[PDB]
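*Asks:* Residues per chain are reported as follows:
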Amino acid sequence: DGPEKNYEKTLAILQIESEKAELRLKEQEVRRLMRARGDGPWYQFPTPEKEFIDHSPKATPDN
Amino acid sequence: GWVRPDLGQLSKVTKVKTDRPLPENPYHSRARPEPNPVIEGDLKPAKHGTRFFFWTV
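Keeping their order, the protein sequence lines are chains A and B. Residue numbering for the first sequence follows the UniProt record's numbering, beginning at 127 and increasing consecutively. Residue numbering for the second sequence follows the UniProt record's numbering, beginning at 116 and increasing consecutively.
Where hints are given, some of them may not hold.
[To be verified] The list that follows gives simulated cross-link-like pairs (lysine-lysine, DSS-like), each with its CA atoms no further than 25 Å apart:
| no. | chain 1 | residue 1 | chain 2 | residue 2 |
| --- | --- | --- | --- | --- |
| 1 | B | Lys130 | A | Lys184 |
| 2 | B | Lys132 | A | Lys184 |
| 3 | B | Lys159 | A | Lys146 |
| 4 | B | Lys127 | A | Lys152 |
| 5 | A | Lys152 | B | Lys159 |
| 6 | A | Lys135 | A | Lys146 |
| 7 | B | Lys127 | A | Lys135 |
| 8 | A | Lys146 | B | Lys127 |
| 9 | A | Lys131 | A | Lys146 |
| 10 | B | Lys127 | A | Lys184 |
[Stated by the list, open to error] Only part of the chain A face toward chain B is listed, based on derived beta-carbon distances under 8 Å:
| no. | residue |
| --- | --- |
| 11 | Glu148 |
| 12 | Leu149 |
| 13 | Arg150 |
| 14 | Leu151 |
| 15 | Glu155 |
| 16 | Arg158 |
| 17 | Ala162 |
| 18 | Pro167 |
It is worth saying that the hints were derived from the structure and are not from the lab. In this text, a Cβ means the ideal position worked out from N, Cα and C, and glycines have one as well.
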């Protein structure tokens, strides 16, 4: 087919691989930041459930 | 003119009228911390597949 086919295919491959490398580095940074200070979706460690707390009036008023 | 209460009368919940204001913060609670900023948006596919080493998809 000629040299331009291989040339532009190589350009497309290089663009894909460079984008993948940048995405992997960004993913590493995102994971590190979330694990250090969990405020995104990931690394959300559990917490006791709020809905299982009694709020009805009880025997002792000092609650 | 006093009448002794019947069985079950003193043991039921009664409403009561008062002019004392309702305490808005009885537990003296601090301000609750804000939740995480939940991310919204359409679920686009993964860019260039799984990006797991040499796997294309």
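*Asks:* Each hint: holds or not?
*Replies:* Hint check results:
With a C-alpha separation of about 17 Å, the suggested pair B:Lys130 and A:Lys184 falls inside the 25 Å cut-off, and the hint holds. Proximity of B:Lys132 to A:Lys184 is assessed by CA-CA distance (about 21 Å); at most 25 Å being required, the pair is judged to hold. Distance check on the hinted pair: B:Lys159 and A:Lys146 sit about 16 Å apart at the alpha-carbon level, within 25 Å; holds. Proposed proximity of B:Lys127 and A:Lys152 is contradicted: the alpha carbons are some 64 Å apart, above 25 Å.
Proposed proximity of A:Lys152 and B:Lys159 is supported: the alpha carbons are some 18 Å apart, at most 25 Å. Straight-line distance between C-alpha atoms of A:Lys135 and A:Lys146 comes to about 17 Å, which keeps the hinted pair within the 25 Å bound. Distance restraint check for B:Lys127 and A:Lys135: the Cα-Cα separation of roughly 84 Å exceeds the 25 Å cut-off, and the hinted pair is therefore not satisfied. At most 25 Å may separate the alpha-carbon atoms for a hinted pair to count; A:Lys146 and B:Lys127 exceed this at roughly 70 Å.
Under the criterion of a C-alpha separation no larger than 25 Å, the hint pairing A:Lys131 with A:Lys146 is consistent with the structure, at around 23 Å. Simply put, B:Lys127 and A:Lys184 have alpha-carbon atoms about 15 Å apart, close enough for the 25 Å limit, and the pair holds. Hint on A:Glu148 is violated. Least Cβ distance to chain B is approximately 10 Å, over the 8 Å limit. Taken as an interface hint, A:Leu149 checks out: its beta carbon lies about 6 Å from the nearest beta carbon of chain B, inside 8 Å.
Nearest Cβ of chain B to the Cβ of A:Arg150: about 6 Å, under the 8 Å cut. The hint holds. At a threshold of 8 Å, the smallest CB-CB gap from A:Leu151 to chain B is about 11 Å, leaving the interface hint violated. This hint is violated: A:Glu155 has a C-beta 15 Å from the nearest C-beta of chain B, more than the 8 Å allowed. The interface hint given for A:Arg158 is violated, since its Cβ lies 17 Å from the closest Cβ of chain B, which is over the 8 Å cut-off.
With a least beta-carbon distance of about 15 Å to chain B, the hint placing A:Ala162 at the interface is violated under the 8 Å criterion. Contact between A:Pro167 and chain B, as hinted, is supported at the beta carbon level, the nearest pair being about 7 Å apart and thus within 8 Å.
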